[PDB]
Amino acid sequence: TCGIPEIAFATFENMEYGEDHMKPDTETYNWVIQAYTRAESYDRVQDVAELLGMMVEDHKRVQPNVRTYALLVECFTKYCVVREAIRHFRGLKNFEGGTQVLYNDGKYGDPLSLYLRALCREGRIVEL
Amino acid sequence: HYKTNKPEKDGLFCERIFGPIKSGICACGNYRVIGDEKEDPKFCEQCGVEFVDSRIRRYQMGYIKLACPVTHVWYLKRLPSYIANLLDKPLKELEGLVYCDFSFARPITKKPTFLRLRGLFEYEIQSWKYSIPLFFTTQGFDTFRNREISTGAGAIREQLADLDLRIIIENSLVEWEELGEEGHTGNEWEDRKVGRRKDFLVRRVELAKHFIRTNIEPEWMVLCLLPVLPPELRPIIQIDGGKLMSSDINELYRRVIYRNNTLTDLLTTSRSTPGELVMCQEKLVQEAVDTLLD
Amino acid sequence: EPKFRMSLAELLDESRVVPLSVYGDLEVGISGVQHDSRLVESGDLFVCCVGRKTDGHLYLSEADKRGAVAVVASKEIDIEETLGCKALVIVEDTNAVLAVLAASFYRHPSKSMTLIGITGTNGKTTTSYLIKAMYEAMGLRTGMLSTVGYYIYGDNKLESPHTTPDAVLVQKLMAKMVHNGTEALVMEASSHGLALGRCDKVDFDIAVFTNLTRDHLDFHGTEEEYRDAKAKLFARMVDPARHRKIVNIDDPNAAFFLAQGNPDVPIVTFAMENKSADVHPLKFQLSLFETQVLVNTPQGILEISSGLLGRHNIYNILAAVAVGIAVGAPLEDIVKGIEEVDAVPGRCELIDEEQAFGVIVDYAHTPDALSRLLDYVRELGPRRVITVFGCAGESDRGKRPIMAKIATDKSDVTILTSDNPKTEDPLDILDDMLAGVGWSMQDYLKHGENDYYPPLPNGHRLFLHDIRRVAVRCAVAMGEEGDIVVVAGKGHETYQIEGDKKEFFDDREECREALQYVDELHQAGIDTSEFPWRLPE
Amino acid sequence: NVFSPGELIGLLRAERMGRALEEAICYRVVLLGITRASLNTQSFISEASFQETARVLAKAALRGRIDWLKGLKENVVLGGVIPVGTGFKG
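Protein chains in written order, with PDB author numbering: chain D, 256 to 383; chain C, 51 to 344; chain N, 232 to 768; chain c, 1241 to 1330.
Because the hints were derived from the structure by calculation, they are not lab data. Keep in mind that the hints are not guaranteed to be accurate.
What the hints assert, rightly or not - Mimicking DSS-like on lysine-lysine, the simulated pairs with C-alpha atoms at most 30 Å apart in a straight line are:
1. C:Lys160 / N:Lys342
2. N:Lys636 / N:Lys653
3. N:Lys630 / C:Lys160
4. C:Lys160 / c:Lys1313
5. D:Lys348 / D:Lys333
6. N:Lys636 / C:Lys179
7. N:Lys630 / C:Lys115
8. C:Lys161 / N:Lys514
9. N:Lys567 / C:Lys161
10. c:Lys1310 / c:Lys1299
11. C:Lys56 / D:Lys333
12. C:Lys161 / N:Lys284
13. N:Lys284 / C:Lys160
14. C:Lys161 / N:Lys641
15. C:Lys333 / c:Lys1310
16. C:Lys139 / C:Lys127
17. C:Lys139 / c:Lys1310
18. c:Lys1310 / D:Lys278
19. C:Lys142 / N:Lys567
20. C:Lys161 / N:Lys342
21. C:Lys259 / D:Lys333
22. C:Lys72 / C:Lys53
23. C:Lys248 / c:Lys1329
24. N:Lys677 / C:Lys160
25. N:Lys630 / N:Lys284
26. C:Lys160 / C:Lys139
27. N:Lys567 / N:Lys514
28. C:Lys160 / N:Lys567
29. C:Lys259 / D:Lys362
30. c:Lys1329 / D:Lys278
31. C:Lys259 / c:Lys1329
32. C:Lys161 / C:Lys139
33. C:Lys161 / N:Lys636
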């Protein structure tokens, strides 16, 4: 919640290259993604993609939860890479109660709204 | 001073602007003990004293106001000029206006203008300009001219200042997408050209994107005020046989100071004198700054 | 010689100024007592002013602060604390104090010499000056007060901030003029001035209405209130066969006002279509320069005045013909009045005498007046209707879109500017006016980068510019021979408040200079057909 | 939006993104000379101002570059303890 994305990456790094007791879990990846997604100063999108890649690499140990799918959709949408956003949505939907998470009481730009508005401008109405 | 060895006022070494030369001894020559601010005028009634330390002359800064907008060298000099990358106009055209007398015709797309040639830099002002001024009110012409006719680098500053970055990206991507039609299918000479444009386009999109999220304003590249190094760092001690003690920093500084003063007066003294008198010395001011910077 | 009979306690006692509580006597030297604190001077007695905005207590407080010797109020006022004379008198009656503020001899001279009141909804000042010119040609010097300037008597008019000055100050000025330099002191006020009490506290010899309609409906709170007040003021001081009821018979308020009052007063109608009025144009000579009509009436004069408007100026000339014929039956005396009416005054000005495109400077701010003036211009405009105007800052926000719509509905090409910025941000109210036709300043600006400028769906055209001078000069230059250019932004006003500072750069001399230099512009080869001037190379 | 046409990205990064993203990333290895390598780095201060000082400084001022001081040469300029040896804190 600080505003500086890096302070969190430093804590993540202590964990990822450490002993087993301290290894990252699904909750952890999710906290770091938030920092990068809800940051106000620089591009921070390549970074999210790289982090996702690490999670995929540790597939056997870690699998996604709902917030994962939620957070991911906000980032890709806000940055206008809509094609990946839709791939992720397929998952949040399978979960129940999902829409509620994506709209976080409308607190941060109404991510749920942003998705719909974009899908339309892009003429992706089958998806709409 | 000329054989007085005291800093002059409003001078490159002035105590009041840059801090005192000897601790506690003010312009007048009395001494109040620094280390005590209990009953010490920070600035004396007679003079600005700043009684505390001579160290300030090392760190204190001063600024010079310039009548004419000028342009920094680095952005213009590089072959992928940063200003040019933002402008999307021929490099020669933006430069010609800058160093030679040529006049733009449609400086601002921000506000509507009655005259409508919508031209670029044009050498000829032979177009009726006097009758236009006579027909127009005093300064009615000025409002119109500012909107339309453009000169020096005030034009660059203004064109850069009202520009739509989000729009710039849109045009560029479309043009970039359209280019590459029949790409990689022609004479050696042609493909090379197709590519060079192809890149200028990426480079330009990138610069703009950064500007959107970086808090740095694009207009700051042309400069209104000019900074001055603290007086000690340019010791310019009397060349008492050293013969190089006076800094070239100081030598270069004086020139810019001078041409600028000539212009400020020229405008004030002679509204009647034509733009030819002002045009002559505008270029002079720009060149001094250029040498000082790079 | 500012006034007389106001520097003695016996003069105020004879004026029935009974305050029921006084200290000493009015020994302080005062030329003329003024009810308003601003109109009164230091060391001068100031009576209580009756008004909705300023009551008696507030008037007494302002007079004591300004240094008036005496202050009248319902309660005890400490006027002697900050005055030049310790003697003061507090009058518990605000209306009686305001009436006694004017000296007896001061009110007697203006009431005895002459008086002509003209309170009309539309075209009152056009007939007031015509009646004044007719009275001057008759051989009696007189002055007619207007909303722009307060002129009790004489040709010159003193500067006044409000449309209607103080009644006591107006009476003092009328007495000073009638003492030397003026033979008659006619006090003329509009409907609002008559309802406030400016012209009501004066014996009016002739009280006619140029146009009777719903006036001061939002202020008074009831229709026909100004007409009833004018009728009551006329009935207060009325003489047999001396008061004139010349008014348009089509207006019901005019008949309602004529029904009240003394029936022995002469009544007449100035309607053209009505057969009972016996007045009719009976001529076809309407033009932007001069519109002469051959009036054929038993009481009215034969020749009529040249009016710039089709019906409004004709109605004003018909209303003034009655006042001109009342003094002299011969129609030769109305020649000076007809010449003064054709002089193209500030309001609804005619075209310039120079051979060029017609230029009409009008005063149109309210939507209804702007609409009726636009309709009259359309009826007069042979080929095109070119208009340029703007809105004032911090004004009625809903007035801008309806004004823009009413302007674009009947005009082929219109220019929108900033008539009065007054600290309001420019290009903001302009966008408000542009939103009326559904356009946004973004749509126009992005079209301005091109050279197309698509027109309106109805076929008309719309232009805009920030600065007023260049746009007005272009509108004066962008006009056809038979077409006339109308400037409804400002009329007699000569003040442009751009932000905190105000500039007096709005006048007809600029239009004359533009019409003179358009010849050189055309000789140079510049194209002024549309807003995007085609500049050669 | 994610990647511009001619850019230098690191191998481990690119590889990770490729698994994740269906968007086509097209890349090929470039061998970089010892000199070029330095010019492309995380620190404008030192790592990159060893040769073309004016050029680097300008590009950076425009982009508002922020340098986290994580190397040796950079901390030397600032006159602060270098993060190596006794300085590395553990």
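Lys139 (chain C) paired with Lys1310 (chain c) [C-alpha distance capped at 30 Å]: violated (41 Å)
- request: Sort out whether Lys179 (chain C) lies within 30 Å of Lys636 (chain N), counting only the CA atoms.
  value: violated (37 Å)
message: Does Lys160 (chain C) sit within 30 Å of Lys630 (chain N), going by the straight-line distance between their CA atoms?
response: Between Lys630 (chain N) and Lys160 (chain C) the Cα gap is close to 27 Å, so the pair holds against 30 Å.
query: Regarding the pair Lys284 (chain N) and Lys160 (chain C), is the alpha-carbon distance no greater than 30 Å?
result: violated (46 Å)
30 Å limit on alpha-carbon distance, applied to hinted pair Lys160 (chain C) and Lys139 (chain C): At roughly 18 Å apart (the allowed maximum being 30 Å), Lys139 (chain C) and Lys160 (chain C) satisfy the hint.
30 Å Cα cutoff - pair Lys567 (chain N), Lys161 (chain C): Distance ~50 Å between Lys567 (chain N) and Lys161 (chain C) Cα, so the pair is violated.
field: Pair hint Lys636 (chain N) and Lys653 (chain N), alpha-carbon separation not exceeding 30 Å
entry: holds (24 Å)
message: Run the distance test for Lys160 (chain C) versus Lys1313 (chain c): straight-line Cα separation, threshold 30 Å.
response: Between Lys160 (chain C) and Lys1313 (chain c) the Cα gap is close to 48 Å, so the pair fails against 30 Å, i.e. violated.
task: Quickly compare the C-alpha distance for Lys567 (chain N) and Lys514 (chain N) to 30 Å and report which way the hint goes.
output: holds (21 Å)
- prompt: Are the Cα atoms of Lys160 (chain C) and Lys342 (chain N) separated by 30 Å or less?
  reply: It is violated: about 62 Å lies between the C-alpha atoms, which goes past 30 Å.
field: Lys630 (chain N) paired with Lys115 (chain C) [C-alpha distance capped at 30 Å]
entry: Measuring from Cα to Cα gives roughly 46 Å; hence the hint is violated.
task: For the pair supplied as a hint, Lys139 (chain C) and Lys127 (chain C), confirm whether the alpha-carbon distance does not exceed 30 Å.
output: Holds, at roughly 16 Å.
The structure shown violates the earlier hints numbered 1, 4, 6, 7, 8, 9, 11, 12, 13, 15, 17, 19, 20, 23, 28 and 31.
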